[PDB]
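Have a look below at one chain only, the form deposited without the ligand, in structure tokens format.
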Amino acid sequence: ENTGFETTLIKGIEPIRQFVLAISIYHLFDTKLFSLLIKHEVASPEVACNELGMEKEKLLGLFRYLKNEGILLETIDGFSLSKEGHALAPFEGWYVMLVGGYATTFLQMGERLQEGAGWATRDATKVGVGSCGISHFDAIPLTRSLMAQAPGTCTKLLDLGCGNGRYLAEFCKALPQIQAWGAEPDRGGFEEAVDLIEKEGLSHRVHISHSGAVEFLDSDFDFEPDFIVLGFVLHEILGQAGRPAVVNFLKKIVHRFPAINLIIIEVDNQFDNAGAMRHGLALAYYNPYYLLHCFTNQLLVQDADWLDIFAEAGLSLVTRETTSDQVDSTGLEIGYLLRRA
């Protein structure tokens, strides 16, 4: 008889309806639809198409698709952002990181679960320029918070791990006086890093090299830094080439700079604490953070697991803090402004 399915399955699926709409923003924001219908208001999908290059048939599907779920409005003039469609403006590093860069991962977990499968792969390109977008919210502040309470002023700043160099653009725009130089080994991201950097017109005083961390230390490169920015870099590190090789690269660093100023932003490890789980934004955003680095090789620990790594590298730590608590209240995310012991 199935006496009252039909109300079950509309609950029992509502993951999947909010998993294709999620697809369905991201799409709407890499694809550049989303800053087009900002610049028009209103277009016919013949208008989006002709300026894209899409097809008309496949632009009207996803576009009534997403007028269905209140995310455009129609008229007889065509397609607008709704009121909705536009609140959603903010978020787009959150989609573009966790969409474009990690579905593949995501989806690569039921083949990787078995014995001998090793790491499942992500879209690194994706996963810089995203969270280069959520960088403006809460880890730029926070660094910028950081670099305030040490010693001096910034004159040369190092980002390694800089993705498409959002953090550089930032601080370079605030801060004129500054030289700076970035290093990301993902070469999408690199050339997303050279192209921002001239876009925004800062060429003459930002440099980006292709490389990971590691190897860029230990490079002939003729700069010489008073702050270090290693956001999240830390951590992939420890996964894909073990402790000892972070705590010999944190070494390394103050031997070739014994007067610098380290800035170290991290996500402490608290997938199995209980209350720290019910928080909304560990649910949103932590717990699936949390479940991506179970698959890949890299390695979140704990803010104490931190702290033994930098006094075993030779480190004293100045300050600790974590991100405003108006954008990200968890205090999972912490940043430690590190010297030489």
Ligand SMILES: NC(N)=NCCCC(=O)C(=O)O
Given for the second form:
2 protein chains.
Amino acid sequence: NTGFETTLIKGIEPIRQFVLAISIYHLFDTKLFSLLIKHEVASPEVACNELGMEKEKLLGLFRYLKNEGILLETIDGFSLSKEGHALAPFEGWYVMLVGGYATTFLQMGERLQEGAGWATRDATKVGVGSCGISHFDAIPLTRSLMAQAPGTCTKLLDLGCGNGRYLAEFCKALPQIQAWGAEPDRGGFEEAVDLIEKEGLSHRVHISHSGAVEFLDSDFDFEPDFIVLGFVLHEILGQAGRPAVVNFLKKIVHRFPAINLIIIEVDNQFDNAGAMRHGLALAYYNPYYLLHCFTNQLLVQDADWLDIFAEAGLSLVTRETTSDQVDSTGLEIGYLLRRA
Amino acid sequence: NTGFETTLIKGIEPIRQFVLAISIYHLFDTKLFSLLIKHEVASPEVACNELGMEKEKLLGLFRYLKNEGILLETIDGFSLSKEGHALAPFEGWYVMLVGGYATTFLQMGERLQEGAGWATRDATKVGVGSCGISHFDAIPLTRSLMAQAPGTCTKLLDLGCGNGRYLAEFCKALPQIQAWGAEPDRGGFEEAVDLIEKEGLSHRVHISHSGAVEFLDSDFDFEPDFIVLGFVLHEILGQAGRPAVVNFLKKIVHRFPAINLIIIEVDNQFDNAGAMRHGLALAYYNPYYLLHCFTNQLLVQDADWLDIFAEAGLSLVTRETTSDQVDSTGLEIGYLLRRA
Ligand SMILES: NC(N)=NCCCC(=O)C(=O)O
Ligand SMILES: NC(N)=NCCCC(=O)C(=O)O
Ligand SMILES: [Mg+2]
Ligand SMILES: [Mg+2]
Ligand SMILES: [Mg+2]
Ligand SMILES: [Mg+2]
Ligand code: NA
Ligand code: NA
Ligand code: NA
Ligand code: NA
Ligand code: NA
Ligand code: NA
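Can you return the structure of this protein in the form deposited with the ligand bound rather than the form deposited without the ligand?
Every chain and every other molecule in the complex is listed next, the one we just looked at coming first.
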């Protein structure tokens, strides 16, 4: 086995990073990251008393993270290194892809078998995580499209709202807005009620435990002038089919003829060689397309969505992609539509 | 968010590799890797018929692996690239750390809480995976120590045998040996019975579904002259304590006074700054030490093991580390012992 060790260190580099990604996810999810930001330096004993943890297990996680350069160790205790501090904006990606979809990727081997069904996910962490990401890409994109509409937003409806971050950010920036969010996952719904309460927006924002299609079939007198469907239609498309998506969009404009619809979707370019060599396409969109083949969701192309909108009796006001400072792939597309 | 995308691509690089490590694990575990070696080129339809898989899910995994350069796509179908072919020797590491311990690392957040207990593992994949690794490190080390003993091996006992690879390799190379293996995990035990049958060694090798301590307490007339305890004592140490390890070793030499013991253990240097900067220490030993803090296992230092052996009434014939061509960390140590 001459020279085997050097080949082994490169050969298992994905395993080294696999354990690191899980450990970074727990550092955020358990509140240890925010505790280390607050305390600056914290001994295992102090962190255990504050979060109700066991010393020997916490010291093991801290020693592991110190060896990887995420933490520093002084006589007073452990602290986040400069590299560890720099992880702070990316929390949403770890919570969504590790917390939400680790079980989904681990189920791929068994779900490949004929008739084994769709892989499950932790929809609470998917909702919380994707909402954390939307602060950088989907919320600024929704704002740009809202500004180009022929009317001002007063009553906003967000279906598939996750933990309610889109509504929290839009309501703080636009104090006149009255909003209603709906989230089908119970864990995500409870996170949304808590985030709205924490931000002091319960008097202006209501949250319902409901799916997008059943919300439109339910009875209510609220008359929204804007509806946000952020990464919701591809779930309906996979679960119920294309005629169900067309009928869902027809029901929105039948019930609310003057509404403005803002739809955000990911253009499926999984088999586009050039698009998949972009650094962000390889880091995020390649595993995103993979998880969509194993779950009851279906991503389609930009032209396929425009065809669906035409069939549902909608007219396109404009369409845009995200800022090239956060995501320059051109794969995240936002559409502003009205009744034709 | 000026320049955010470039920071994001580096910030979520551990997530990109996390999904890749899981996908590489399934490529081996589902038999798709061996199918691609055998066929050279295979369309999704051919691979689905042979392994009983669904076309749309398999095409998704193949497109994902093509974008990462693990597979090539021609008009005839998909094939392993040169980089994909080069993964073949490392199967055991993926099966052990991803198949065996992915759930363990994912449970860290919940198991950190006071009184939450030890993290579980898939002991079948741990056994199968570690046995695949032993072909490179622990089996050649056991051979070197066996050659330095004052007697020849005729009757071998392997406690914690996994899928039985140590016994299969030693029996093929030394046709006079009669061997007995014991594995406590039922899945691993069934894999061992099948591997022994597949190799044509059932007439010379027996396998029992049993733990190491309960095997020595059970009744049998087999008189081994060699006993291999490969990464077994640190499980007993964590589960039952130091006096139980000492009593277990005393019972081996009380029952078999002329036996030769070959013990393989990992030296705990988790807090040794210099040792942890070795490329293999960071890739393998850093997550190995972390998983030992969350499971009912305890790794100790080389000197701590020598103290245990002296207390149990044992004399050290010699001790060695692995070949520097496969593992030059000096952390894997093999001990050859006899009754004092
Ligand atoms: N951040 C981007 N691009 N959107 C992803 C939203 C979540 C999603 O679609 C899923 O988890 O299925
Ligand atoms: N390959 C090496 N170094 N041995 C590890 C054996 C497995 C093990 O100890 C565990 O999974 O707990
Ligand atoms: Mg949404
Ligand atoms: Mg989706
Ligand atoms: Mg063993
Ligand atoms: Mg062990
Ligand atoms: Na959940
Ligand atoms: Na990728
Ligand atoms: Na799907
Ligand atoms: Na198992
Ligand atoms: Na590491
Ligand atoms: Na332990």
